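2 protein chains.
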Amino acid sequence: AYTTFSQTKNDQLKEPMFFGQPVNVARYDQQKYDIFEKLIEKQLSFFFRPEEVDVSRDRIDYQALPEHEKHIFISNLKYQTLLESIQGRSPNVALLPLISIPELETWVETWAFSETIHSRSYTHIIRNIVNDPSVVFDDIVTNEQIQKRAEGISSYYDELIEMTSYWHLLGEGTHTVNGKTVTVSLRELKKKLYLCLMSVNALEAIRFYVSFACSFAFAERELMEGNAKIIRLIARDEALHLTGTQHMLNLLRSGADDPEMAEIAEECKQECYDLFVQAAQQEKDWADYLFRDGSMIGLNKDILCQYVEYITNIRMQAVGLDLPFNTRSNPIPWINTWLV
Amino acid sequence: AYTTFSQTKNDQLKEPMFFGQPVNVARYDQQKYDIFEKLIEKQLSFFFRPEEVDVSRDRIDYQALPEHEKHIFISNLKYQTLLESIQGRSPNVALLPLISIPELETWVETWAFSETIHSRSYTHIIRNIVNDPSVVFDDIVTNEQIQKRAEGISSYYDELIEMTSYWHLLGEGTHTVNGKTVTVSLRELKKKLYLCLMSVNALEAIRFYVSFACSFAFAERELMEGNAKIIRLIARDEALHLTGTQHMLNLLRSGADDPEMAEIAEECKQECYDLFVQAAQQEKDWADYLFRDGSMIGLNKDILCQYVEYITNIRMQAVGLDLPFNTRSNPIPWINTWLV
Ligand SMILES: [Fe+3]
Ligand SMILES: [Fe+3]
Ligand SMILES: [Fe+3]
Ligand SMILES: [Fe+3]
Ligand SMILES: [Hg+2]
Ligand SMILES: [Hg+2]
Ligand SMILES: [Hg+2]
Ligand SMILES: [Hg+2]
Ligand SMILES: [Hg+2]
Ligand SMILES: [Hg+2]
Ligand SMILES: [Hg+2]
Ligand SMILES: [Hg+2]
Ligand SMILES: [Hg+2]
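Chains A and B supply the protein sequences, listed in that same order. Under the authors' numbering, the residues of the first sequence are numbered 1 to 340, in order. Under the authors' numbering, the residues of the second sequence are numbered 1 to 340, in order.
Be aware that a few hints might be false.
Which copy is meant is left open, because identical chains are indistinguishable; a pair holds if it fits in one copy or across any two.
[Said to hold, decoys possible] Computed list of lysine-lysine pairs in DSS-like fashion (alpha-carbon distance at most 27 Å, straight line):
| no. | residue 1 | residue 2 |
| --- | --- | --- |
| 1 | 192 | 148 |
| 2 | 32 | 78 |
| 3 | 269 | 192 |
| 4 | 78 | 191 |
| 5 | 42 | 229 |
| 6 | 70 | 32 |
| 7 | 32 | 180 |
| 8 | 78 | 38 |
| 9 | 38 | 229 |
| 10 | 42 | 191 |
| 11 | 284 | 70 |
| 12 | 301 | 191 |
| 13 | 38 | 284 |
| 14 | 180 | 191 |
I should point out that these hints are in silico values taken from the structure, not numbers from a laboratory.
With the hints as extra help, turn the sequences into a complete structure.
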């Protein structure tokens, strides 16, 4: 029941962000929420060409790196590459079919597009510091540790997409598909979308930042200069992306958009909380692997765990959630030099 | 079912363009078909920002225009805006769930992204030539003369999308849904895809170009020059987009990518031929509504119909279809000044 061009002349200013009439005309002279138009404008002004960044010095740096540091660096890079691969396609496949206002539709496509630029950035880096990129890329798919930390991301998107297909094909109600009873509840689908957004928020605001810290730790040593330049550019984008998800979530929570979503945000609160607690634990567990062959001065399991708790509290507070971790000061204030 | 990250390590160089294993890792150091990587590179280098183009004098030119000429210019602009609205979202929603090689996946997202920039460009133009852009945007959805091609175009996409969901949800076979038998055939799905693709190729290769002539005719008279500058940039992008669909179609019919597709394409060639002629006829019929109150310097019903036939012959031959019109040289050579 999805359509690429709904023929009903509708007031796009009055549609809810999600689940309303599919967006027909793409206009940018007005919007229900100007924050999304502002985000589009900003992201477009941040467009960069990865391959333009000189990374020839990085090959020398990397090869000369102690084996355990090469492991730390490359393992971190492979994870970032994984996340970007997922983020380049997922926002589009999972959200586009459900958006009902033009500024949000285009913001999602712009956001997703910038993620593919980040992916291209990592190919540029990988291809220039390693001898055979295929070993790195292939390991991304395998490697239980990397998939372990990322566990739950693709699965959630997949479940939302599947439920969305059922909704578009069958509509609300209880159906019989190949002799099985299938229930399609719009309310449940909204919950799925809401929790998917919370998870994306955790991904954009926590998982990417924990990785940036590992990357910049080398930059602090005056190593991997090119990578550092690229990561700074990528981080600039992720800041816009999480600004976007925080706004989506807080606008839904406010009751100014779909009233049912405000009810859901309230009922889902514990699940929201749990999602962050789980994500944080995954980032922490990754330390055992990352530092399996040894750690670095200023970068080890304890420091990583403290940073994960530090940032998780900040991100959770931003979307109105209680803080699970004890409050603490930034364990790595040197990271600010590289961020925003 | 569809997944945002297939956990199976696969050789992406050996997957078919479509219907293979969903793309997991986004890598750009290698590709099965380098044409797609080259197109991504070219499209990225062509990025531009509409807002930077001076269109302040277009408002005055538009007002001074004879009423029938205002009609021609604005009707054309509205149709271009409609097409970009569809093209900004559709390639992503319709093709992403079916692509199995990374270079094509990212090319589609880059292609779609550039179309959203074109949409933003049209907003920029509209806002600078009329009082209250709302009048213009609303007419796009309801304008009868325009909402004929939209229906036909959106129909191909919508049907492909629906069949794709059934395929991902139920797989091949004879199924039952609420008392009705539902047959899902991969062969039919491949045919449906071959159909959006041919239709999108005609959209990119013929529909857009006919509107460009409509638009550059003013530029030749030194009118609506801001619009012209923007259309020149848009046309530069469409050339890349049609190159991409031409390669996709030719790789599918040759049989080098997927034997079954070559088989299917050969079977439905008469259909594709009629599909193309119908698109050409729709563009011709539009000339009527366009010049219902009079023609202008260098552009009339006859010249336009000649151009449509000229362009259609070229595009159809490019994808292996018989020529439907009598051969002739470019009826409007002057357009070459504005086209890639
Ligand atoms: Fe990113
Ligand atoms: Fe992001
Ligand atoms: Fe376009
Ligand atoms: Fe195009
Ligand atoms: Hg999600
Ligand atoms: Hg770290
Ligand atoms: Hg909930
Ligand atoms: Hg919540
Ligand atoms: Hg800790
Ligand atoms: Hg199509
Ligand atoms: Hg024309
Ligand atoms: Hg065909
Ligand atoms: Hg065709």
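Practice task
Against the structure, test the hints numbered earlier, and report the numbers of the ones violated in rising order.
Solution key: Going through the list in order, the structure violates hints 4, 6, 7, 10, 12, 13 and respects the others.
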